[PDB]
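Read off the chains here:
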Amino acid sequence: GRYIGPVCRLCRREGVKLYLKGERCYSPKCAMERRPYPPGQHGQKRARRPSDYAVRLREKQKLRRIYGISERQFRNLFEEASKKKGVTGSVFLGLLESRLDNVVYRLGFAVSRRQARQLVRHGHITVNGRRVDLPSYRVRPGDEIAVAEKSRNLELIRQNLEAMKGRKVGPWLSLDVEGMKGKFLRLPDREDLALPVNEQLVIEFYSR
Amino acid sequence: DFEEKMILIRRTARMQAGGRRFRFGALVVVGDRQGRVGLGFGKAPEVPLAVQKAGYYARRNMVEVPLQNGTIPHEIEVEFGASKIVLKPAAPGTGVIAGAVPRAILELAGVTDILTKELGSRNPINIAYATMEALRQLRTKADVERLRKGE
Amino acid sequence: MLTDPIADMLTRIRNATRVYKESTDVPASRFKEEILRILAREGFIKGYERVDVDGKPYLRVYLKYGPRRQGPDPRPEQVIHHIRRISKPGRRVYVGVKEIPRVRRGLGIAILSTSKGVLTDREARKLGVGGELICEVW
Amino acid sequence: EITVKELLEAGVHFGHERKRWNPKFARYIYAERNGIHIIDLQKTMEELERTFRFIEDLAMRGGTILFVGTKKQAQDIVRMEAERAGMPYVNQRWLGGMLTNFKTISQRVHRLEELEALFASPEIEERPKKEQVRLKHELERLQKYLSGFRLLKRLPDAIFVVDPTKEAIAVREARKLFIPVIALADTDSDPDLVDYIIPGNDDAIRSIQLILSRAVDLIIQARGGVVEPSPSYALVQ
RNA sequence: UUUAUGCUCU
RNA sequence: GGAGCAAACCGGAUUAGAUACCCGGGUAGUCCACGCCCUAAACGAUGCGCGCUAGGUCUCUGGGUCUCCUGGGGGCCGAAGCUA
RNA sequence: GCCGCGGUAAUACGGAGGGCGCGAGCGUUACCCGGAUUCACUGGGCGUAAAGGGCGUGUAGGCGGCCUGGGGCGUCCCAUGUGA
Ligand SMILES: [Mg+2]
Ligand SMILES: [Mg+2]
Ligand SMILES: [Mg+2]
Ligand SMILES: [Mg+2]
Ligand SMILES: [Mg+2]
Ligand SMILES: [Mg+2]
Ligand SMILES: [Mg+2]
Ligand SMILES: [Mg+2]
Ligand SMILES: [Mg+2]
Ligand SMILES: [Mg+2]
Ligand SMILES: [Mg+2]
Ligand SMILES: [Mg+2]
Ligand SMILES: [Mg+2]
Ligand SMILES: [Mg+2]
Ligand SMILES: [Mg+2]
Ligand SMILES: [Mg+2]
Ligand SMILES: [Mg+2]
Ligand SMILES: [Mg+2]
Ligand SMILES: [Mg+2]
Ligand SMILES: [Mg+2]
Ligand SMILES: [Mg+2]
Ligand SMILES: [Mg+2]
Ligand SMILES: [Mg+2]
Ligand SMILES: [Mg+2]
Ligand SMILES: [Mg+2]
Ligand SMILES: [Mg+2]
Ligand SMILES: [Mg+2]
Ligand SMILES: [Mg+2]
Ligand SMILES: [Mg+2]
Ligand SMILES: [Mg+2]
Ligand SMILES: [Mg+2]
Ligand SMILES: [Mg+2]
Ligand SMILES: [Mg+2]
Ligand SMILES: [Mg+2]
Ligand SMILES: [Mg+2]
Ligand SMILES: [Mg+2]
Ligand SMILES: [Mg+2]
Ligand SMILES: [Mg+2]
Ligand SMILES: [Mg+2]
Ligand SMILES: [Mg+2]
Ligand SMILES: [Mg+2]
Ligand SMILES: [Mg+2]
Ligand SMILES: [Mg+2]
Ligand SMILES: [Mg+2]
Ligand SMILES: [Mg+2]
Ligand SMILES: [Mg+2]
Ligand SMILES: [Mg+2]
Ligand SMILES: [Zn+2]
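Protein chains in written order, with our numbering: chain A, 533 to 740; chain B, 11 to 161; chain C, 42 to 179; chain D, -18 to 218.
Quick caveat, the hints were computed from the structure, so don't treat them as lab data. Do not rely on the hints blindly, as some may be mistaken.
As a list, the in silico DSS-like pairs of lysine-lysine whose alpha-carbon atoms are at most 25 Å apart [claimed, not checked]:
hint, chain 1, residue 1, chain 2, residue 2
1, B, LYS63, D, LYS84
2, C, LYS105, B, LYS159
3, B, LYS159, C, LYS73
4, B, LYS159, C, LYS129
5, C, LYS139, B, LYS159
6, C, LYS105, D, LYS24
7, D, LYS134, C, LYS62
8, C, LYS139, B, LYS98
9, B, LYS63, D, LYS157
10, B, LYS98, A, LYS616
11, C, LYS105, C, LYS139
12, C, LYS105, B, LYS151
13, B, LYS127, A, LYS615
Here are some of the chain A residues that sit facing chain B, going by a computed Cβ distance under 8 Å [unchecked claim]:
hint, residue
14, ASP584
15, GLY618
16, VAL619
17, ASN730
18, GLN732
19, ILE735
20, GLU736
21, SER739
Note that the Cβ used here is the ideal one computed from N, Cα and C, for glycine as well.
Start from the sequences and build out the full structure, keeping to the hints where you can.
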């Protein structure tokens, strides 16, 4: 299925702290604090003027890695974004963000995108009252994201819900902290998000 | 203030009694992404020296690039030597579609939306000189009417 | 002899503008004027006037060029950068109204003969007709 | 005053080049008799008018003019008429690049200074008898070519050419630099590439002295106080 | 007015 | 029909060989009539017709109010443009 | 796969560590289209790159000067039927 195993090799192969971690990629070691270079035996050697293709590849990998998604799915969406009328570039990002496993992370129900994924695929999530265990369910302006019933306990939740007090969630979102529930209000504008990504190069990638 | 992206570095070689004598050539693009570009081709006995004087000439050859929302006014087709470039304007929200050579230029001059195709000779040197002349020939409804009126 | 009188004209012009002549005579014709007419109305020529060479009907056409430029090759731009027959005698070209061209994204004219006279791309789209597509100019 | 009457322009200043022409010289031609093309002087006036209308303007704003005349008929009539206006000129061979390569051609002028500032000074006699004649010989020719070019340590904003054909190099040389080109030209050359034209005889001292002289005057009038006639009727005929 | 020829891969 | 020339062929030289190059001979053929053959670097390696786009000079051949103009050919240099 | 690697220091062979790309799939072979404006209607050519017929005469065919009417075949417009 989705990728598994070593992650800090990505935190740092793309060469940009991208917070695939929980609280660690925040500590004085996303692994990227200690060793800010590519993994493996050659990470400490002098880089070569990258190939025009290489740059578009690394970028695509970066973004695609952030959401921890499979290329099978990652392009499923890019093609959708292409067809759909819009700015294509930013349209794409909206679709990636509209994912359940991503929302649940943006709403801080869980710390990591991967923690947020297991949370959905276990029943510890509910949409508009219904049980929803599909890390791909696309949410639209108006839905009621929320923690389930039998799941209102579990130190994991309230421990992570607490650390949410102080943090202001992005515009397109909202959260009733005390009640455990958010709402997908709108489709996140480009400006609304500052991904370390140049989405232009990701489009220039699939234009073979 | 300016931006330098070079597309071509190559090693030519003359011939003299006892060995081949080399020399280098660099194609450099110079722009501001605000509507100004320049193409310079410099050659020197070593890579950097040539790259350097490339930019030199690069600014010795500029051009108005009448943008229109990161695109161009009309569609234009231009030929240099046996090489040919087709510039068709795309609607904002598309992207710059071109090869490595025509892209580097169209980018360091603004243009974030444009459709293009190289025809005839895909030779880099000549395709570039053809793309500049292709921009150098663009006209807007403004300069269009400043032509057709009388007096 | 001449197979295409119209094309010939357009070419006579294309050749004068290249050497920057003030004008050029072209064997006259009713239809050949209607077109020459539209070239002045759209400001591609200063206009024309019926004349008589050796007692034969002609049409002096007064060309327009841009201002003397500076730097090497100090030669004016061109009011008529481009002009060529579409529909030829060897291959007639007829387009329905929905099928009308778009010369240089509106920046250029697209003369074309319709059952309501010699019109232009827009001028014809206004009437909403279409017909034989004489030539394109910019 | 400034102007000229078609009276004095009756010496020999209306034609010279027969069927040796440049057909682009249409507007400025009247009729071919005695084989030779006789150039219409009436239009010479109109252009001589419009021409000065740029010279005078340029003069009374401190603009410089560079003189080029390598012909035989138009050599001396420049060395004087130029200095008499405190302007730079070219008398002998026209070194290629002088403008497009002013940067490096000048480095050869600083040498002139450095040679002048070594005539009879605290160091010369210390140098061998062999090198002396040598160093001074490098000066002799050094000044021969760069005498009039010496002035102006910066490229001008116009040049005055005796024959845009004999000096095709310069005309285009400057033309590439956006440097306005003004010249005297008979049927030898073509207009088009001249910015301010003086359509008249470019051979025969008579015309080169008449039209170039009272042209140097119109310069000082916009400068300050036109003097009296200057070196002209030398070995004149 | 006498000459012809130069193994294989770099 | 056949003088000169000359594939083939013979001889003399040359050469390692010399069925070649050079030399001496020499038959078809080269020539004419008639009838076939249909090839070619059959070349400007550039199909034909018509209109349009500076000129300079040399030449052949017409007409001219015979310094020059005009028409049709044959060459060179060349505007603009074309061309790897 | 194409250019090409191996001749005792091989990033090109074999294994290894490491890395890159995809992931219940990953490769391979075969075939179609694309890139190929490389059959060019859009959108190519023919002096020397492949390409002007050895030259004429001419059949069918293709194309065809200026002006004015008639017809309305092409063409254009609208309406409508059909286009499951
Ligand atoms: Mg889109
Ligand atoms: Mg595509
Ligand atoms: Mg071509
Ligand atoms: Mg090719
Ligand atoms: Mg190639
Ligand atoms: Mg042998
Ligand atoms: Mg050998
Ligand atoms: Mg052997
Ligand atoms: Mg081998
Ligand atoms: Mg023998
Ligand atoms: Mg023997
Ligand atoms: Mg023996
Ligand atoms: Mg031999
Ligand atoms: Mg014999
Ligand atoms: Mg014999
Ligand atoms: Mg036989
Ligand atoms: Mg045959
Ligand atoms: Mg022959
Ligand atoms: Mg051939
Ligand atoms: Mg021919
Ligand atoms: Mg034929
Ligand atoms: Mg004759
Ligand atoms: Mg006669
Ligand atoms: Mg002739
Ligand atoms: Mg020639
Ligand atoms: Mg030329
Ligand atoms: Mg070993
Ligand atoms: Mg080894
Ligand atoms: Mg080795
Ligand atoms: Mg390999
Ligand atoms: Mg290996
Ligand atoms: Mg490994
Ligand atoms: Mg491994
Ligand atoms: Mg498979
Ligand atoms: Mg075609
Ligand atoms: Mg081809
Ligand atoms: Mg042809
Ligand atoms: Mg051959
Ligand atoms: Mg032939
Ligand atoms: Mg042939
Ligand atoms: Mg034939
Ligand atoms: Mg025939
Ligand atoms: Mg017939
Ligand atoms: Mg007809
Ligand atoms: Mg017919
Ligand atoms: Mg009729
Ligand atoms: Mg219907
Ligand atoms: Zn980390």
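Which earlier hints can't be squared with this structure?
4, 5, 7, 11, 17
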